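2 protein chains.
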Amino acid sequence: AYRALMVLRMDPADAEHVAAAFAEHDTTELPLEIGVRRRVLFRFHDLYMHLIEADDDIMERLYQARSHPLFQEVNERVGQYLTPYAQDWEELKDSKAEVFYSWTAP
Amino acid sequence: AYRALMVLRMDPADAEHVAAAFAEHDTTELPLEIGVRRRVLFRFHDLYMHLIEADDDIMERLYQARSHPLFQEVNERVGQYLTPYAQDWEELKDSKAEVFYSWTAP
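Protein chains in written order, with the entry's author numbering: chain A, 2 to 107; chain A', 2 to 107. A prime marks a further copy of an entry chain.
Source of the hints: derived by calculation from the structure; they are not laboratory data.
There is no bait here: all hints are sound.
Away from chain A', derived, C-beta distances all over 10 Å, residues of chain A: (1) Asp58; (2) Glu61; (3) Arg62; (4) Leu63; (5) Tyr64; (6) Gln65; (7) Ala66; (8) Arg67; (9) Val75; (10) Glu77; (11) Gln81; (12) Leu83; (13) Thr84; (14) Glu91; (15) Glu92; (16) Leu93.
Derived CB-CB ranges, DEER-like: (17) A':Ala14 with A:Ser68: 32 to 38 Å; (18) A:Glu30 with A':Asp15: 41 to 47 Å; (19) A':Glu99 with A:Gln81: 19 to 25 Å.
C-beta: ideal position from N, C-alpha, C; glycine also.
The shape of chain A in the complex, shown without the other chains:
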């Protein structure tokens, strides 16, 4: 039921690296830990969008674990190819979009 979407800028050509970095991380239990159930990466022009599906608002641990050594790697890894969308960005929480509507059919 929980969905979050983060948006950054990326060179389209860097997608494969990006994908590769997660691929590896997603083989470990690091994510089942944080509580991630599904992960989808999209690209559109020079925008990168990371969709996370979970079972609860897991953002906090998410935010928590970034400073974390267990996650430096995936972070460096991914990080070298991503840039914050907006000029006023200070932290991770800043790349998170807002949901303003949600509908599930019966």
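Dock chain A' against the given chain A, drawing on the hints supplied.
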């Protein structure tokens, strides 16, 4: 298993209208028809992102039904508040992002 994400530009302030337009459309069977299982709208700065979850690649009917009178309304409705992201846009398919990675945990 099917996920698509469309991105356009929107004035943050127009969100409530946007939401209202779908709210109504989502009360009808019009979407259960097209095959939509879940719908989530996000906003980030002046970007609008529409996530559709389905059970198959439903984009074609999706694309099909736009010219459609059954869908003029929601379309006009929504449409007046959205603008194509990129300058080279010619059609709806052009607002669709690409998935470059997908992971589901066991």
